[PDB]
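Only one chain comes next, encoded as structure tokens, the form deposited with its partner chain bound.
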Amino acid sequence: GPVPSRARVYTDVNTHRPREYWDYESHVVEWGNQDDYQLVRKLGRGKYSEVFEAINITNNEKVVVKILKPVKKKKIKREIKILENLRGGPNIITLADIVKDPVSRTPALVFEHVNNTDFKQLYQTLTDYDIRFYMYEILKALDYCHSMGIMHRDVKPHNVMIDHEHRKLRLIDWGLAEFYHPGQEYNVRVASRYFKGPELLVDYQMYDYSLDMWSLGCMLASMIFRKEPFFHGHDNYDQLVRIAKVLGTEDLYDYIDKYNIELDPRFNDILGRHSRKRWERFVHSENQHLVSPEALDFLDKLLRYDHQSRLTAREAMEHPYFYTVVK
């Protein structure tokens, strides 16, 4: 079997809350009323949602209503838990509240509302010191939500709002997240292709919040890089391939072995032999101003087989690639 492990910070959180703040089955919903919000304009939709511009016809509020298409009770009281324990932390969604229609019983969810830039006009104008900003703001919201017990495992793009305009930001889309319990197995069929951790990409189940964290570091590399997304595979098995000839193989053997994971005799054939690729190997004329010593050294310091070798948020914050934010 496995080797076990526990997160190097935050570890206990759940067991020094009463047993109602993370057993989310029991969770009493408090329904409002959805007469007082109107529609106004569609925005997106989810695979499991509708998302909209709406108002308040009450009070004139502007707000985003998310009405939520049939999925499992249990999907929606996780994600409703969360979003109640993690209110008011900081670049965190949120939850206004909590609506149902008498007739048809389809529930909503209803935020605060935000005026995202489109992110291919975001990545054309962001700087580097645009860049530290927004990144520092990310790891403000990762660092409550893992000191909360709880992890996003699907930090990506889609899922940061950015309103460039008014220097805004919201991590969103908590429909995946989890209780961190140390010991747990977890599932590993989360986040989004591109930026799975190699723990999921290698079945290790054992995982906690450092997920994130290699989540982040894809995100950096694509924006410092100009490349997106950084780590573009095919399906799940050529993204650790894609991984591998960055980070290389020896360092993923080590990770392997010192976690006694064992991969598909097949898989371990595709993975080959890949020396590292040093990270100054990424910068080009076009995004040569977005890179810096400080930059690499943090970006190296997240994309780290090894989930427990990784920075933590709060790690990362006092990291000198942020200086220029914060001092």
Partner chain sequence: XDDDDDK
Second form
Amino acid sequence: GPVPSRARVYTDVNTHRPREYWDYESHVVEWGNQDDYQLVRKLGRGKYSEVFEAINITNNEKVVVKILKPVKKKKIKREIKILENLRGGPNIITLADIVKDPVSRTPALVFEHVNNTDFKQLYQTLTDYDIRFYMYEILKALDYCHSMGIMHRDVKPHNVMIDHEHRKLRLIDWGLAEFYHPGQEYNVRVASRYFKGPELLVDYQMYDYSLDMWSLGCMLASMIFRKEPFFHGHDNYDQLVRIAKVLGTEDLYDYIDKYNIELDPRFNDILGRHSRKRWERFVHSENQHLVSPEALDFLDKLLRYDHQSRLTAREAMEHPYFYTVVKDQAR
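The form solved without its partner chain, contrasted with the form deposited with its partner chain bound above:
All you get below is the one chain by itself.
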């Protein structure tokens, strides 16, 4: 069958932890008092939850309440445990409280309020410096969570809150995140289509932190090239075709060979034969102000088929793309 794989970094971080850290099935939830919060207005809804601005009446603080739609106890425990383990880390959203919603007997997560600038509207205003700065801020959250033995597995613009006035960023929605254990076969049916790594699309289960770095590369491409989404597949199969038309089919088949991956036969007559394209075909008069040699070198080193060859978060932070930002933060 397939060749096994291990994270290059932070490989054994959870093995050295007490069992309780990662064994979320055993976690005992510390409930709080629902009557401390009053809902103010609805912010949005998804498959998994509805989100409200709210107020803590005991201190008149603004907070956000995420009312969970019914999922397994295990899934709720995993998100809670991860949020608690990561709490206080750089640019990690703060979980303030957990309450049992009386209406449905449903749990509600209570988060710190971030004054988020419009995500669709924000992108239209971002300069070259802003993209570098916010990318660096996301990398601080990813290096932290990876170093803590956790893969996010759903990195995308919707899950990055930006309070632009305060140059403040938070990585949110830890509902798909998981603990990394060497040898563990993970569920490939994760993340948003446009951000799925090749490992997911070819059904390679022994993946790791490096998944997040593919998703990040997809974000970077969409920002510097003004192309949202960058890899626009019609479904999961066509998503790999879209990637192959850019990264080329030679490297794809090399990856499949290296890991002895069994390719779904549906791929066979759709992948075809594609050259690896130069990034320069995506540069044009309206985006060129966002694109540098540095940006393209960095992007190239995130967007690799082989999960093992992508930059780590910590390596990415040392790339020349960030030298100006690093200098500015020291001062």
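Just so we're on the same page, rigid core means the largest C-alpha set that superposes within 1.5 Å between forms. Numbering follows the first chain given and starts at 1.
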Superposing on the rigid core, which residue among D35, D264, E30, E286 shifts its Cα by at least 2 Å between these two forms? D264
For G183, is the C-alpha shift between these two forms 2 Å or more after core superposition? no
Rigid core superposed, CA of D235 - does it shift 2 Å or more between these two forms? no
Superpose the two forms on their rigid core, then report whether the C-alpha of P102 is displaced by 2 angstroms or more between these two forms. yes
